[PDB]
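What follows is an incomplete set of chains from the complex, kept in their original frame.
For clarity, chains are labelled A and B in written order, and residue numbers in each chain start from 1.
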């Protein structure tokens, strides 16, 4: 089956930043798989920590259930490496774990975080894991005999503060046809209504910009979009 | 009819740098049109100037005939603004001339030079003309009532010294199926065999790199490629 991979540093990230891309490609017949490296239990769970008698285990449970609910709505499978956030740290074993996901999923493309992020050190680490694991999975000397990975395009989805991250979308994905799914997944992020609104505005802004880049008087109905920054040059037979 | 536009600073440039793209899209049913802003009569015609009793008029004639022969082979139409090279200079009238080409051709995409070039000031000027004329042609206040231009992608094709020009190909066009046409067009560039060889090596190098970026063990037969740098973000519904 056609497949693709999302590598999310914290469990909520794939929902804010990749929900549209996931739902859209699922409807195109893709087996979308999400790896959440951590749950954002320490640094992306303020509401929970403000309740009494909170624990990391309790936070992880709440985050896990939200992610599974969102994944179901979007049409993706999801797994949890649970390696911890703030700080997130990985070793060779994390890397090989992720390379094995690549070997199993054989994704056509990969979505992860920007390589710079002055607001969150965990985010670029996730993308570095995603990229290096991809290359390990290409090596005929890694678990010899296994089917190797090819060269799936890798993209950074939109960070919270794109210019501060030196991130530029060179690719707009029109997610207008699946906005309802992305927003329903967004609503699984309990207690984070301000972010619901923020990422709604993001999709609308990128929607207008995407429309501008196909011609402002075009009849195409581009209302919601996700911006992506490509890691690799694309290969094509047509320049339109 | 489907159409596209190449803006060449000097008459030979579209052959070295865009021959593949022209021949490839022509076979896809595109009316490919080339504008040569000048003939490279002063700065790209050393062999001719080394003959006796040479004149700019004589050089232009030789360059014009070569370009027309190459265009015929590639399957493009070509016109000559004849505004002079070394130095190439343009005014509002040049700009409007080019905007009118846009309005007539209604291209789906545009190819021109890199925006930096420490070896040739004429080259970025050509691309600035191409880009600004494109925007003029978008304006409903420019020749009101005429059909406006949309937002065709613009690409810089490969300069002679790409790294010195700070140029990076983010797009590889597989021109393997039309290499014979590009090379036959190249052979119209009389007396420039060293450049024939140089741009053959360029296509082979980009071919290997393009192949690497689809997976080195892929069965795709990518032997010759042209590298392009995109000016604008592309809009799509699929990330593969």
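Rule of thumb we're sticking to: a residue touches a chain if its C-beta (ideal position, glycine included) is under 8 Å from a C-beta of that chain, and two chains touch if they have at least 3 such contacts.
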Full count of same-sequence chains in the assembly - 2 placed in this view: 6
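Methods note: only the chains that are shown with their structure count from here on.
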Fitted rotation between chain A and its twin chain B in degrees, CA, nearest 5: 180
If you average the CA atoms of chain A and of chain B, how far apart do the two points sit, in angstrom? 37
Where on chain B does chain A make contact in their complex? 4, 21, 24-25, 28, 108-109, 111, 138, 148, 150-153, 155, 168-174, 209-210, 212-218, 222, 225, 227-228, 230, 232-240
